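Peer 1: Okay, here's what each chain looks like letter by letter:
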Amino acid sequence: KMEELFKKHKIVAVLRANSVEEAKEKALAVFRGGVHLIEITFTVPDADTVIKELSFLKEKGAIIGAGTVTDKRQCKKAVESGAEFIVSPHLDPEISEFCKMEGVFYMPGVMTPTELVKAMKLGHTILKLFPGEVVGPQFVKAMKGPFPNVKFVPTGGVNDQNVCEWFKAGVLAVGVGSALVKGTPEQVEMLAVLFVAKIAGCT
Amino acid sequence: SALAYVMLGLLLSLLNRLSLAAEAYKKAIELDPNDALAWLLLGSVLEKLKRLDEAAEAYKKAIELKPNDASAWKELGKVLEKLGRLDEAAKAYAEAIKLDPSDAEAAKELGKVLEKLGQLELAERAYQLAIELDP
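Heads up: the sequence lines are chains B and A, in that order.
Going by the entry's author numbering, the first residue of the first sequence is number 0, and it counts up by one from there.
Going by the entry's author numbering, the first residue of the second sequence is number 3, and it counts up by one from there.
Simulated from the structure, these hints should not be mistaken for lab results.
It is possible that some hints are incorrect.
Unchecked claim - In silico BS3-like pairs for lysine-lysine, Cα to Cα no more than 30 angstroms straight-line:
1) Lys167/B - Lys100/A
2) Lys63/A - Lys59/B
3) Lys100/A - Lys23/B
4) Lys110/A - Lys68/A
5) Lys99/B - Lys120/B
6) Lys110/A - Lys167/B
7) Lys62/A - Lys6/B
8) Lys181/B - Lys7/B
9) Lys7/B - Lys100/A
10) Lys68/A - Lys50/A
11) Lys50/A - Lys59/B
12) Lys68/A - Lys7/B
Stated by the list, open to error - Distance windows between CB atoms, simulated:
13) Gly102/B - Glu59/A: 51 to 61 angstroms
14) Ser177/B - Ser104/A: 48 to 58 angstroms
15) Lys114/A - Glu164/B: 26 to 36 angstroms
16) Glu101/B - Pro35/A: 46 to 56 angstroms
17) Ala199/B - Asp34/A: 28 to 38 angstroms
18) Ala106/A - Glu58/B: 27 to 37 angstroms
19) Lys23/B - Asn70/A: 21 to 31 angstroms
20) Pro147/B - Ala106/A: 28 to 38 angstroms
21) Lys140/B - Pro35/A: 35 to 45 angstroms
22) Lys114/A - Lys57/B: 50 to 60 angstroms
23) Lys23/B - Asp34/A: 41 to 51 angstroms
24) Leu67/A - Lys120/B: 38 to 48 angstroms
25) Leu33/A - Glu164/B: 46 to 56 angstroms
By construction, the Cβ of each residue, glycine as well, lies at the ideal position given by its N, Cα and C atoms.
The shape of chain B in the complex, shown without the other chains:
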């Protein structure tokens, strides 16, 4: 159950890179410095190759997952690429059945309570909150009452200024964008353990 493996490493590196070589170097300093949940988004050129490369990190303790799914074609980029989990925003119940057949965890990026109920009827009680910058921390406590089963992993609008605002509202992990990735393979390490420090110590 990814239910377990999230919860622990309360941070996911939502990684977007323009080239394939710059992708390798941004899973490098991220994983070497703190983060162990790596997300491989699909604005990346041929991310179904980068994941099949960085499989030697699954040994050393990494979770190379795919990101930003849009329909039932970027799950022809599915398990044969090495994806240990795939996410998206909200969309598409068939890639909850396309992965029901391949046996790999999916997470929708819910935004409205429709997206939350229509995807709870799926079975997914673990949700991404996208775009998290728009909904706000309000959306955690607001939905935690009537739906005491749904989890949230915010995506977007999560920086070190307001990271503990999401957590003690009540979330599972957080997905981080440019505030963690945008840099050189040294800024990318520094910015990553910068986050795991402000995360481990949310009072």
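Dock chain A against chain B, hints included.
Peer 2: Here is chain A on its own, set in the frame of chain B:
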């Protein structure tokens, strides 16, 4: 006398005779090179003696015997900070908070090592973590 010398070198350190305590830390290391304490103290004793380049050397052997003292990392990021390598010292303060995220010292002192390095962005985000870890 693998432990007796360590305590002797302490007593000598307690009387300002730090150079004279430097021997008693060697003579303890000579009797057991794995005594993690004799290294950390000798490093802090060379740091006080300001045998600065050699001071980081014992602080390296200590992080070998017990590779998880936020004390030995923090006190190595200091020695390396004066020594000159504000990059390896920035790695040291980082490896220290990689062990202890409640280090208001290694956070501030890395905010300085970084605000002097270049990234005001990356020094800010440690300067604004040191505010969380102190009233």
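Peer 1: Hint by hint, note whether the structure agrees.
Peer 2: A quick look at each hint next to the structure:
no., hint, verdict
1, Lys167/B - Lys100/A, "holds (23 angstroms)"
2, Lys63/A - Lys59/B, "holds (25 angstroms)"
3, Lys100/A - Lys23/B, "holds (23 angstroms)"
4, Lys110/A - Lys68/A, "holds (24 angstroms)"
5, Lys99/B - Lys120/B, "holds (14 angstroms)"
6, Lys110/A - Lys167/B, "holds (25 angstroms)"
7, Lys62/A - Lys6/B, "violated (35 angstroms)"
8, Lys181/B - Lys7/B, "holds (24 angstroms)"
9, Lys7/B - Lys100/A, "holds (16 angstroms)"
10, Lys68/A - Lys50/A, "holds (22 angstroms)"
11, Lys50/A - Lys59/B, "violated (40 angstroms)"
12, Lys68/A - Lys7/B, "holds (25 angstroms)"
13, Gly102/B - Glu59/A: 51 to 61 angstroms, "holds (53 angstroms)"
14, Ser177/B - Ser104/A: 48 to 58 angstroms, "violated (27 angstroms)"
15, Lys114/A - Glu164/B: 26 to 36 angstroms, "holds (28 angstroms)"
16, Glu101/B - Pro35/A: 46 to 56 angstroms, "holds (55 angstroms)"
17, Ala199/B - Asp34/A: 28 to 38 angstroms, "holds (35 angstroms)"
18, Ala106/A - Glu58/B: 27 to 37 angstroms, "holds (36 angstroms)"
19, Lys23/B - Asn70/A: 21 to 31 angstroms, "holds (29 angstroms)"
20, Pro147/B - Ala106/A: 28 to 38 angstroms, "holds (37 angstroms)"
21, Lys140/B - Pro35/A: 35 to 45 angstroms, "violated (57 angstroms)"
22, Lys114/A - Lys57/B: 50 to 60 angstroms, "violated (38 angstroms)"
23, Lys23/B - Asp34/A: 41 to 51 angstroms, "holds (44 angstroms)"
24, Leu67/A - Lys120/B: 38 to 48 angstroms, "violated (57 angstroms)"
25, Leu33/A - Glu164/B: 46 to 56 angstroms, "holds (55 angstroms)"
In the structure shown, a violation is registered for the earlier hints numbered 7, 11, 14, 21, 22 and 24, in ascending order.
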